[PDB]
Each structure stands twice: as structure tokens, then as C-alpha cells.
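Undergrad: The residues making up each chain are set out below.
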Amino acid sequence: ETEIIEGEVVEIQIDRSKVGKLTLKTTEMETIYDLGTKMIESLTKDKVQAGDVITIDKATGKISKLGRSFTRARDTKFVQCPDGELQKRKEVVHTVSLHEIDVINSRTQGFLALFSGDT
Amino acid sequence: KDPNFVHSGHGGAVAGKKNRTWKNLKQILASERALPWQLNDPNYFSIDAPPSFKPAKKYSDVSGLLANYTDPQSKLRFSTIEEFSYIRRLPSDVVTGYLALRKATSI
Amino acid sequence: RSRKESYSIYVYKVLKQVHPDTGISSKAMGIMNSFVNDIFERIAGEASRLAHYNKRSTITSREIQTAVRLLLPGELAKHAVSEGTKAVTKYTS
Amino acid sequence: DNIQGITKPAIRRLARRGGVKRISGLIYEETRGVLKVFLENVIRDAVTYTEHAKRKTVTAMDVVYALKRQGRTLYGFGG
Amino acid sequence: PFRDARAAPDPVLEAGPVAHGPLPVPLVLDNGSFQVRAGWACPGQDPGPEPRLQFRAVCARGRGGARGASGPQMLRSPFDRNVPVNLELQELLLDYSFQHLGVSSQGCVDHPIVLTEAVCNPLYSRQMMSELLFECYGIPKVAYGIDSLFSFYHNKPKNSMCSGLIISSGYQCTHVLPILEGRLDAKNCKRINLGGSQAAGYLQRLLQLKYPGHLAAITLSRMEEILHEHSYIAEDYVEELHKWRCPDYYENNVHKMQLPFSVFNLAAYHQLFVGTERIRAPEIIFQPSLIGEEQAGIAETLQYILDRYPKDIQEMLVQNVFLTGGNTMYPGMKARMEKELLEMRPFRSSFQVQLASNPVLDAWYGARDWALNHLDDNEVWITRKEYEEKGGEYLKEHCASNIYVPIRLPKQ
Amino acid sequence: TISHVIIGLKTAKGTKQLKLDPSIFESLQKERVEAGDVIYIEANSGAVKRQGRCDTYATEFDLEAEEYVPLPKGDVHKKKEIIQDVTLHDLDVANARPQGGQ
Amino acid sequence: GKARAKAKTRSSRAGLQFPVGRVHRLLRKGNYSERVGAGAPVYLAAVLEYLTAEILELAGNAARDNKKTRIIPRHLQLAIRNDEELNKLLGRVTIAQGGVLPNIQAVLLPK
Numbered sequence: 134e135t136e137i138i139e140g141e142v143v144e145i146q147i148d149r156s157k158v159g160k161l162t163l164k165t166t167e168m169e170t171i172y173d174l175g176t177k178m179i180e181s182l183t184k185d186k187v188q189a190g191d192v193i194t195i196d197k198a199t200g201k202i203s204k205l206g207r208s209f210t211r212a213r214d222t223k224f225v226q227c228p229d230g231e232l233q234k235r236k237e238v239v240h241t242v243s244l245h246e247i248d249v250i251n252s253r254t255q256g257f258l259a260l261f262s263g264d265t
Numbered sequence: 120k121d122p123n124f125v126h127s128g129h130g131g132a133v134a135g136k137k138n139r140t141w142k143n144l145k146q147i148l149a150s151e152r153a154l155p156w157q158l159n160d161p162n163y164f165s166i167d168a169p170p171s172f173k174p175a176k177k178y179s180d181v182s183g184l185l186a187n188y189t190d191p192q193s194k195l196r197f198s199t200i201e202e203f204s205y206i207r208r209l210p211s212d213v214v215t216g217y218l219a220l221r222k223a224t225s226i
Numbered sequence: 031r032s033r034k035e036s037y038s039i040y041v042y043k044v045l046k047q048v049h050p051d052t053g054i055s056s057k058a059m060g061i062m063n064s065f066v067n068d069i070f071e072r073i074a075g076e077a078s079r080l081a082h083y084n085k086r087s088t089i090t091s092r093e094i095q096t097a098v099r100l101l102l103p104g105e106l107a108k109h110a111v112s113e114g115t116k117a118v119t120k121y122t123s
Numbered sequence: 024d025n026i027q028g029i030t031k032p033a034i035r036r037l038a039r040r041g042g043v044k045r046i047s048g049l050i051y052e053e054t055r056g057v058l059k060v061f062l063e064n065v066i067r068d069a070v071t072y073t074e075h076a077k078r079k080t081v082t083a084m085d086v087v088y089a090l091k092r093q094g095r096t097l098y099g100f101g102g
Numbered sequence: 007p008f009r010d011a012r013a014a015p016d017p018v019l020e021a022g023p024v025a026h027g028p029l030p031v032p033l034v035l036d037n038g039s040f041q042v043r044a045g046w047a048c049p050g051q052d053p054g055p056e057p058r059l060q061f062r063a064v065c066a067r068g069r070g071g072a073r074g075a076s077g078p079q093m094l095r096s097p098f099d100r101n102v103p104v105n106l107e108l109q110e111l112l113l114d115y116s117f118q119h120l121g122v123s124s125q126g127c128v129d130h131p132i133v134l135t136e137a138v139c140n141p142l143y144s145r146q147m148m149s150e151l152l153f154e155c156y157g158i159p160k161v162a163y164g165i166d167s168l169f170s171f172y173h174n175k176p177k178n179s180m181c182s183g184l185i186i187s188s189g190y191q192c193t194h195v196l197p198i199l200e201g202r203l204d205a206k207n208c209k210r211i212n213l214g215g216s217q218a219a220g221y222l223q224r225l226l227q228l229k230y231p232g233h234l235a236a237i238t239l240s241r242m243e244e245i246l247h248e249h250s251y252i253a254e255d256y257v258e259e260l261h262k263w264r265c266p267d268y269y270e271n272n273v274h275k276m277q278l279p280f281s433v434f435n436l437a438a439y440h441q442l443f444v445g446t447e448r449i450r451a452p453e454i455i456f457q458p459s460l461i462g463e464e465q466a467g468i469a470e471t472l473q474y475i476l477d478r479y480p481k482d483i484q485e486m487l488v489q490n491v492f493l494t495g496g497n498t499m500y501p502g503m504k505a506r507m508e509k510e511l512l513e514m515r516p517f518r519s520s521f522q523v524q525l526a527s528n529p530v531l532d533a534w535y536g537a538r539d540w541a542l543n544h545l546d547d548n549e550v551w552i553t554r555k556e557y558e559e560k561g562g563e564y565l566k567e568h569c570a571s572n573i574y575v576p577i578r579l580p581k582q
Numbered sequence: 153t154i155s156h157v158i159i160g161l162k163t164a165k166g167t168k169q170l171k172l173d174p175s176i177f178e179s180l181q182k183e184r185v186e187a188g189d190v191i192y193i194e195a196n197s198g199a200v201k202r203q204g205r206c207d208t209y210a211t212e213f214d215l216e217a218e219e220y221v222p223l224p225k226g227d228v229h230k231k232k233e234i235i236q237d238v239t240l241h242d243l244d245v246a247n248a249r250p251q252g253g254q
Numbered sequence: 008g009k010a011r012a013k014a015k016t017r018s019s020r021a022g023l024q025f026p027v028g029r030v031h032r033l034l035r036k037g038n039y040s041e042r043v044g045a046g047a048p049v050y051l052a053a054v055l056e057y058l059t060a061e062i063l064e065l066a067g068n069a070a071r072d073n074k075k076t077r078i079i080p081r082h083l084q085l086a087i088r089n090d091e092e093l094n095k096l097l098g099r100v101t102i103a104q105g106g107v108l109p110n111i112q113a114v115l116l117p118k
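Protein chains in written order, with the entry's author numbering: chain D, 134 to 149, 156 to 214, 222 to 265; chain I, 120 to 226; chain T, 31 to 123; chain R, 24 to 102; chain J, 7 to 79, 93 to 281, 433 to 582; chain A, 153 to 254; chain S, 8 to 118.
No lab work stands behind these hints: they were computed from the structure. Don't take each hint at face value.
Think about it this way: if two alpha-carbon atoms lie no more than 25 Å apart in a straight line, the pair counts; the simulated SDA-like pairs of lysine to any residue are [what the hints assert, rightly or not]: (1) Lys43/T / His31/S; (2) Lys194/I / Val158/D; (3) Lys79/R / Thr115/T; (4) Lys177/I / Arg208/I; (5) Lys108/T / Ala219/I; (6) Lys160/J / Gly130/I; (7) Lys184/D / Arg205/A; (8) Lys194/I / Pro170/I; (9) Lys160/D / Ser112/T; (10) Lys509/J / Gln203/A.
Over 12 Å on every C-beta distance to chain R, these chain T residues come out as not near it, computed from the model [as the list claims (entries may be wrong)]: (11) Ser56; (12) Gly60; (13) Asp68.
The beta carbon of each residue, even a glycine, is placed where N, CA and C say it ideally should be.
Extracted from the complex, chain D is given alone in its bound form:
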């Protein structure tokens, strides 16, 4: 079970520690969030701008930017804004080969040797 945010960013402001405020939209609703520091250091790091569509794994703050909304394509992937509510709990179902558990356990970063054949 994973908590994912997914929306068009409508507006985003940052002050000068840091505090900032971010607004997100679906085709069906709008929202504003006061951001915490460890989101500010992600939204700024990934150069997010108003009219982007973004998906955020809330437990980690990685920004999966999907494209820009068709109305702010004006002045290069363009996309419809997400549907439903912004914060979805969704089940992710994941399949790992039993060997892929053997390898992750064998080195400081085992999974590289899964691709490279190094192990």
C-alpha cells in the first residue's frame, strides 16, 4: 500500500531555514499545501514550475514529472491533468525473482551485479 500525490501544480512559492506553499489540481479538485523542508529541497532541486503535472511518492519526495498541462504548453511533452483526488492510496503489486533476492543480499549494492553479471 503506497501514498501517492498526483496533480497539476497550479502555483508554487518559496521564501528565504525555508518555508513555501504549493498548490495542486486534478480535473476534479484543487488544493493548497504548506510544504516541509524535505519537500522544499526536492521541488527546488527538480526545478518544478507552475503548469507541470507531477506525481510524488509522499514517503520519499521523488518528483515524477509527467509533462505540462495543455493550457501552459503556450510559450515538450504535453498532457491532461490527473483525475480523481490528489492523494491516492494505491496498491502496488511487485514481483521479484528468488535469484533477485539472492543477489541484493550479496554485495554493498548487490542489484548492480544483477544487471552487470558481476556476481
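Based on the hints, put chains I, T, R, J, A and S in the right spot on chain D.
TA: For chains I, T, R, J, A and S alone, coordinates are given in the frame of chain D:
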């Protein structure tokens, strides 16, 4: 007949442009803060409990369910898509009502 | 000897609050003094007329709020009412 | 429908009190637009006065005050 | 559905219930901002058989001043923050009490009185009250004390010194009263500025904003029905409201409140559906941030007033968490409180959460029992004469009353 | 400025204070633990796991890059007698090449 | 006794920068009404302060875009005549030595 009839005045006065019948509670407090207190002394201005140490939850204004969201327009807290569909149909009067009920940004 | 009663330090403090890099020529200070004095006369005149029409001895926050609602245009009236209510909100605590 | 209550011959009558000899066929609906925005600008100020006065019938005084403020004043309604 | 209102009873009696044994029978009174309770002490049964005058503390007069009123029938009240803060609007409440309970012979009350007061009383209000008692009514001796500690004194196993937290729930304020060696530890006592009045006002404002189709059909006297009957307090509020979210549990637990009847049926006679609202108004005392007001609430106060004591005496003074007052009537209140206390106590450690025998009445029964047992302790009571020599704010250091502090109040 | 660390732990079954040595605290510091995190400490072995922030603080900001978890419903302090099975070959291999420690 | 040393201003209690006490002083001595509310000058000061913040922000943008940081009447005129809301608020007024907003009619432009 009555438990007494020969009462007399004990603080309220008809004269001037001031209270005829009582002293307001804030005046009682402000005139008590002047007394020769020390830190052991139990005092009616000092019994107010602290501000909370953990932050307050967002319960949705329109339904009390937990609010993952707040609206950029109405500034209320809401929980679900049909609540967002509902709040954008409210008149401004109840929106400022709900905000005032939480001492937020309107009067 | 003589006096002028200008807003100069307050308008300059507001400038440094909105744009920390920016400064005022005294000719522009003359614009701002004329402006804020004239808008004060407009609002206080509107509120005075409005209170007299309503046969009151008083102007209060609702007389001035209504006088501002008459005098100001579109989005500037919305923001002015927002700041007027925010200030009264944070003052009354 | 309500805005079309400013009748097509009323545009001609008003313009004929206004001294004009002839009307182009495009004048009418945009002139209803001008009358609409003028009405709206005075009526909204009148309601703004009426709301401060607590009342909710729009009085002749509420609209006299709006017209007086907007420098489009009238006499005969008890100014 | 709503019940119809009840008011204007006829509890009129003779000069006084004089009895065998002691000639003096004291008046017993319970005090603050909701609802009076009063009566003669009347020794004769172990439970008090007839408390009287159970009436809403609200005052009125006719528009021309030709008549006044004080019994239950807009109106006025002599209180704020559960402290008396009016002169003649308080006298007429005492008048109504004495006039119904009995006048013995002349222009004074017959016999001594026990009279509850706020957790602290400001160093003007107890004086002003005692002055409005002695000069206006001539009482022969007086006993101040606290409603909550009296309700504890009734619910004690026996006449003894004891320790506890009294979790009080007054109409305006909820106070947490650590008591040690039989006495209030008032040096570190705390309160929350919220209680029954605020919960009722909140429940009103919710339903006013929810049903503008009939703003006038809902009022405090109707809120008291959904508040004192249909409301309940959660075991864990974020969990109860999460369980409230699903439609089947909603339709099983939402309460219909049919307005007084003459769109299918309801067009002017809606059912005022309460759901989560029947939790929110209860929760105000635990989380005052459901209102605008930032305060610790009845949970973080019970932490903050407790962790300041030595590690061993905490287990002793928690051995009676005692719950009393108006809000504590809610179903599930002990269950919430013990489910909450279980988080904040040391891992293996014991506690007991004793609910009062009757959370609204027991302050009067406690005051009765205290006055009956201490009836001749002339170091406990203030004698009429002592008001001429002491500062009038003066009190005499005893169980079920505030800690005294020597002060002089000038007059000019 | 260093001796040992007192830490307080809380669950929906009660509270304790522990007396962690500085070599445990070096792992709380490395895990980036602060007051209000939910923690698992294994007192035999100094296995310290951050498990996300306690969800009583899930409104510290409206959106922040921490997973929030409910206050544990279990006991603050669990004892089990356990039995470790370990071959001589595990001892050989875990010593013969310099351990990871990484 | 004596009055309070360093007694806090109505302005700084409100969180405002404008002189709320002077606004009350001038409302009363300006004869606008025989009595004046205590929160009336708070509200008025906040509106004058808001208009001041907005007009100076737009003038500072006009200065920045003009490659300057000292405001002169020109930057205020450029702000006031670019913004339709300030323009329609300020129709009956001249900004002294600010000039006029540069505008060529479409019929006068090339070809």
C-alpha cells in the same frame, strides 16, 4: 415576606459614565496582577493550561472526517472529492462562518 | 519653526518590505505623499457622507469598509478588504 | 429572457430623443451592453449602500447615492 | 425527535425543615455558570433524599421594570469563566433560592451555608460574594469550597485524607486538580477555558452552517438534547471518525432529529442529521483546536501537570483519577480516559479512573456530607463576625477548598 | 559533553526511559532520528531502525517528505527467549575475509 | 503613579507599519464625524498600506524593467498606466514629471 428588604450598595454606582451594576472579569484580573505575589502563590491568572506541544490535526470543516486537503479558494479543510464538489456550491457567508469558527483569516 | 506632517518613513518602510533593493527619489516621495493624503481624503469623505446618510455620530470599521468597497475598483478592492480584515483580525487579539 | 426587454423600437425612440436621424442595424445589442454595464455599475453601488444600511429593499436613496458618487446625479427623488 | 421543554415548577415550602438532634440545619448550595442546586442539609438518610431547585442559572425582568424573574420559565446571566461577576443579578438568584426553600422569621437567612466556588476565586470576587452574603442576608457562619472536590469527598471510600487528579468538567471550564494529602495542590493545578457551554455553542454553529434552511429551528435548549443525550466521546477520535467514513456505518450511527412536523415530507420539517457532529462537540475538551483556541486540552494537561512530580508520587496521586461535572456525563468518557491514560503512564504501571456516582449531582451531595460532618468545626467555617475583622477575601485552609494566601484588599 | 543518552519511548500500551550507550546513539544519529520518530531498538545487538515519523506529528506541515506511521499498538518492551543456529562454516566465512562493516 | 514607559503602538499590535494613531488623530481633527471607532483607523491604515505596497511593487518592477532601482515619478506613471485597476482608480490625477505611457495608434504604425 422576604429573606431581607434592608439591602445596601456594595460596588455598583449610578454616577458618571461607568458600570452601574458590576466590574468586568478582565478588570478583576488586571487589578489582581498588581498584588504582592510570589511563585508559590496559586493565582487565577496562572492556572491557564499551556499551548499544545503536538500540532493540531486537520479535521474537514464540512464533515469532520480527516482532511488530507485544504482549498486554495475557500481556505477550508476537506476530505473527499464529493466534499470539494459541495464546498464550491456554498455561499460565502457559511464559508466565512466555518473559518471564524476556527479563528481563521476572516470576521 | 514650521511643520509638514508627511508619511515619508512609513511609505519607505513599505518599499523595503516589498522590494529590499529599491529606493525613493524625494520627487517620487512627493507623488506618494500626495497620493496617500488624497486617498485618505476620498475614503474619509465617503465614510463621512455614508455615516451622515445613515444619521450616525460614528464612523467605525464597517463605515470605512463600505466606503473602501465603493471607492476601490476590481481586484484591488478584494485585496484591500482582505488586508483590512486581516489587520483588524490580528489587532483584536 | 430579460435583457431584450430593452425593445428594438425603444433604441430608436431613445436615439430619436437624442436627436439622431438614422440607426445602423448593429447599434442595438451593443447599446443594450452599454445600458447593462451602466445599470450594473450604479445598481451594485446602490446595493453596497443598502447592505451597510442593513435593509434589503433597494431604496431611491440607495440609487441616488450611487448616481451622486458616480457624478450621474438626479433630482426629484428627495436628494 | 426533540422533546418538549419543561420549566416553571412549584417547589414552595414552609419556614424550614427543623429536625430532632441539632437545632441548626445548614443550607447546601452548588455553584458556577450552568444550573443551581440547593437545599437544607437534612440529616436522616445516608443518601440525600431531596435536593431541590435544580434550575438553570438565568435572570430576567419585564420591559417597563414593573416585575422581575429568576426561576426557570432573551435573558441574562451573572457569570463568566465560572466566577460570579455581577451584583444585584446574583442577589436575585439567592433571593429565589431562599424564597422557595424557606424564610424563618426576619430579614436574615436562618442558618449557616455551604457554598461552592471556582477552582481559584479571584481576590475580589469571593470578597464581593461574601459581602453580598453577610450584609444582604446576615448568614451566621459560611463555608466556601470547590464543587469538584466536594463530589470527590462524597465518592471517597471513607472520611479520610487521600490523593487524586480531579478531572472537572464545568459549564465554561474543565480543570485538572491534583490533590495531595487531602488538599488541592493549587501551586501546579491547570485548566482549559472550555466545557459544556462551548460544546453546545459549537454544536449550534455546526448545525446553523449545515442547515441555513431553518436557522431559527435550532437553539441552545434544543442543542442540550443532542448534547446531553445523543452525543458520545471517542476511544480514539481519529479512529472513530475513520470508522464513521463508510456509508453503511454512517446510516447505522447517524442520528435523526425530526423537527416538530405539521420533496417527500421533510420540506419544512427536516431531520437535522447529526453524524461526526455527535462526536465533535464532545471532543472539544480533549482537542480545543477543534475550535480556534490553542490549549493543551484534557489529555496534554494531564501529561503536563503530572510529569512535574517525583516518579513515585505520580503513581500514588494517579491512584484516583476522578471524573466529575457536566461534560463527564457523556457515554464512553471513562473508556476514553483510561484508553488515553494507558498511553502516557509507565509501561507496566497501575492506574484507576473512578467516575462519580452522579457526575452532575455529586458536588451538592458532597457539599451536604461535608457540611453535615464538619457542622461544628468552628476553625473550618467563617463566623459572621470574622468578616468585620478580616479582609473579607479571607479563607481558613481545609479539605475541599482552595489553598489560602494572606493578602490585604484596600477600601477608599 | 558526552557520557550516555537517556531516551524516552511511548506506545498505546505505555512509556519507558532507556539508558542508551554512546555507541547506540551513534546509530540513532546515523539513522537521522529526532524526537517524535517511531523507533525499533534491539537491546542485545544495537539494531536501531527508524520506522517513519509518529502520525501525531502528521500535520507538522501539510505535505513533507517523511512517511508517517501510527503510534505502535504493541508493548513498549518485549522479551523473547530465542535460539540462534550458526554453523562453524558461518564463523569461518564471516571472519576469514575482512567484514563489510559498510 | 505614572503612565506606561514604551507602551506598544496600535500599528505594531495590529502588525501594520502605517501610523494607526495618526489615522485616528486625523479622522477626529479632520472633522469627518463627531465620534470615531477604535478599529476604523486600523482598517483604514491597512488599506492605505496595502495600496502603498501594491503601487510601489509595480513601480519597482517598472524601475527594474527600466534598468533602475531608485523610483522616480516615471516608474509610478508606467506602473499606474500599465495596470488597468490602478488606471481606473487614478483617472482624475496627473503624476507630476512622470510623462505619459508610450503609445502609437495602429493606423500610424508602418505599412
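Undergrad: When the hints from earlier in the document are held up against this structure, which numbers fail?
TA: The structure conflicts with no hint, since it agrees with every one listed earlier.
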